[PDB]
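Okay, here we've got a single chain as structure tokens, the form deposited without the ligand, with questions on binding and movement later.
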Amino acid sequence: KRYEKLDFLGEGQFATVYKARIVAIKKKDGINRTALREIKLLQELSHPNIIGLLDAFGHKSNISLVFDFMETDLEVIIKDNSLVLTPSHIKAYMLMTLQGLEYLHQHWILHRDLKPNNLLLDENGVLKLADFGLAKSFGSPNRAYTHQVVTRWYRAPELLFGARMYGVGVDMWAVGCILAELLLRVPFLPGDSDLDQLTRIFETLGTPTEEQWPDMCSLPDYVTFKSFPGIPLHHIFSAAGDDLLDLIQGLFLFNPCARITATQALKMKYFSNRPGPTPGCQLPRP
């Protein structure tokens, strides 16, 4: 329409992404429900740590969504062996993730696809939640959801046990998994199946009991597991200070109610303490 079409960025299941003059354009059922989901939610959201939908248009049953052009994502940062992730860098990434998530959760929307590659960074080091193709409003009792959301490695145990209803805990668990990947530079819980995912969670964090998770056995795909002791968090995260271990502990609470919210996470001493989060312009670039 008014877009130069410069460079190819990537392809997906539902859409293909191109750089255009600078913006990113993502090109009998009718218009794609994943495209409509992205349009309908991002039109109602305006926050510095949420990807901006600048414009939408197309022809027939094909639409082009226009977004801010993002330079990289956390996955590229994490996987880049050259760049060192200092505690200040980790805090900064987590802060922006949580500020975006606090805003999103305030507007009764779950992302449901949090992972380093859906945390896009611009040239100014502003992190934005992107890919709202699985994002969904929450806090309605009538609305029934699917448990297969969140890529397996970042999926919370309540999802892996078939939680139909859930809340911000599905994002916060993925935020813990991202934090764990920022600290280790490798996926925390790389499960090859829904059963291998639950195994790795319980072998690392301990098999939860009815004390730690009151109604775990009421979840429809609950399977009774071997009781593991779980590796103490200080043994996993050797370089993590006590404030960061308290954050990690709260993101990885088995009980999704007890699991810390974005606002609670943001109020934790980890974010208040020294050192302060790295300013956007000083964050590492691949």
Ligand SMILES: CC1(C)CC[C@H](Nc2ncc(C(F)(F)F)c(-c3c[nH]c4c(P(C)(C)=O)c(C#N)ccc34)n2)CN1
The other form holds:
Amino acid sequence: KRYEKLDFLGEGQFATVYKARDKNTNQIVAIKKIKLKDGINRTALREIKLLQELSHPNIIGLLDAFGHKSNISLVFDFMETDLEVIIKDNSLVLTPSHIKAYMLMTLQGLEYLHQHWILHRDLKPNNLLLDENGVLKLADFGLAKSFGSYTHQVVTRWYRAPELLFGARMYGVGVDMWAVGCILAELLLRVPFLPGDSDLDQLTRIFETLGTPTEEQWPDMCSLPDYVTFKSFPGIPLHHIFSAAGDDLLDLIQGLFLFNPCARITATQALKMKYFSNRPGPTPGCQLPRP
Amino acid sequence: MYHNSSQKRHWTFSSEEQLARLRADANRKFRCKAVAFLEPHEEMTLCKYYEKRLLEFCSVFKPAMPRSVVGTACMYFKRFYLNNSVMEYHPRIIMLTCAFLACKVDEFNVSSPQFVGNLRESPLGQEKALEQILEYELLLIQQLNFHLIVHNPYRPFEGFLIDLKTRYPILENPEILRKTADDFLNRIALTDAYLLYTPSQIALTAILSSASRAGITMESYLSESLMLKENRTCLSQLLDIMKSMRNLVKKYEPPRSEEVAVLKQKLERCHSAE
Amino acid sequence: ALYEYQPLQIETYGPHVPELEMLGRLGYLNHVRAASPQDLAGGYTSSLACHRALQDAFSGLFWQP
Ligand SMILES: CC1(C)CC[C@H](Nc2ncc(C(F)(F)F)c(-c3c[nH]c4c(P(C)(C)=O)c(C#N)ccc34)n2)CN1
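Just the form deposited without the ligand so far, so send over the form deposited with the ligand bound.
Okay, now the whole complex, with that chain kicking things off.
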């Protein structure tokens, strides 16, 4: 097209991603070149249909789409970094203000997104792209879906909420909220909070670390279709897990890891929590660490 | 959401004079390319006829295709032929590509083989049609301008019924309106209205048309429940918008069978040359 | 440099939409399907469905091209 292909940024299941320049502007873009009698791949049509209806600073902008026949290339702005790389950077310190800023943008993007009746369903640190002005964008809307009208397989396992793991068809923002919870835990612990190798082992580590739920905690848990009773764990007190976390952040984390996804704080409720309004400012995007 | 949609922004036109213009343009622009012939009213008669064809396709689709797919398909077919001639892209084919894209965008997961299993042909025809559908799927999408989410009136319609059941016991059972307001949404769908007014306005006009058709004047719903006593010009802007829709369903005449047969023969001919 | 929650002030060009938590209080949830126990345990409520239906009814009702 009008695009120069600079760099292979990576490849995963549905697309190869290239850093590319339009022969039209100074602005670098990220072209996601989507791979194959189905017609144009649904994960591309998913990003096209959603990102054309979302206009928020904390959601990735679709710039263009082009292609030929059943192949397509979605063009997005290039994001220099992502939250996974920030979390994994061993020589980069996550001050509480950095953590608050990342969380704030994530929740603002999510609030907008949930207001527009969409779930990302694939929040994890690598899908939280940072532009070079330090605006975190939600990105990789390839699993994102409209709610308030699904499937349990969604969200990469370490961020997958227990209601997803118990086979919940229907869900709402709590799948994103638990994933925010997990991303928050990993901004704190600097490693996967619940790195479980299977649906069974993810539920085990959930119940090991946070305590096994009850019907006092999660009213109709037992009605989830892939439910099985775990042994009662005590859980590890959230101040023994997150010993740097203040009571406000633990109150956040607590509400982000509430077993009842109904009780689990929404992006709006989370944003109204005292954590965000308290004395350490959420860092300006300009001053977030570039890894 | 509609109020910040690409539909509102780009696909709800200021009047039918702007519609007629985009169409009359594209007929001329076809001729300018083709010389480097149906008249615009004849393209319109055919697009009316093939939007009927799209509706029949979507209505018999063997995995039960949702109204929000069918409405999205029909909307893609209205938007396509605003800016493209039926003499460049054969409406028969583009209708399938409309349904196809709409199945995918509305998340109605149906594989290509059982998509074309619905076509009333031989399997060679089904394969050839599938191949044409896949030939035009990106074309369609480029001509829809990558504005793929279509706000149908049907969810707005559910919300007004919830709102009426809750807040307007003047209309004791609102659900009695459902049939004739659906029939009126179906009639509004054949018109230009989808390109001219909002999904909520269409939904409310359909409700108030069914209300009026039952003799139940719901003026107090508009003034009192919707709070347009506060702003009576917004009440009259609303009433004007709804008046004009009832006039669109009034002025709409179906394409005649005997007429469409001539225009079809012309269309086939425009496609067999060139 | 503190944050303060300010809602999104997206203009809907439509009637006032009754807040999600008020829908039961205001009696709108009498007119939508109750979310079943599996729905509820997944975090899906009758209020989500209701709220979106009402949001869509009202959105762009007053808007002129
Ligand atoms: C290594 C870093 C941190 C610095 C470059 C990269 N910059 C960037 N800018 C924009 C986009 C967007 F969002 F615009 F595409 C994307 C992108 C999004 N999905 C991707 C994938 P996948 C295949 C997981 O979808 C892979 C893989 N592998 C690679 C890149 C992307 N990346 C992000 N990673």
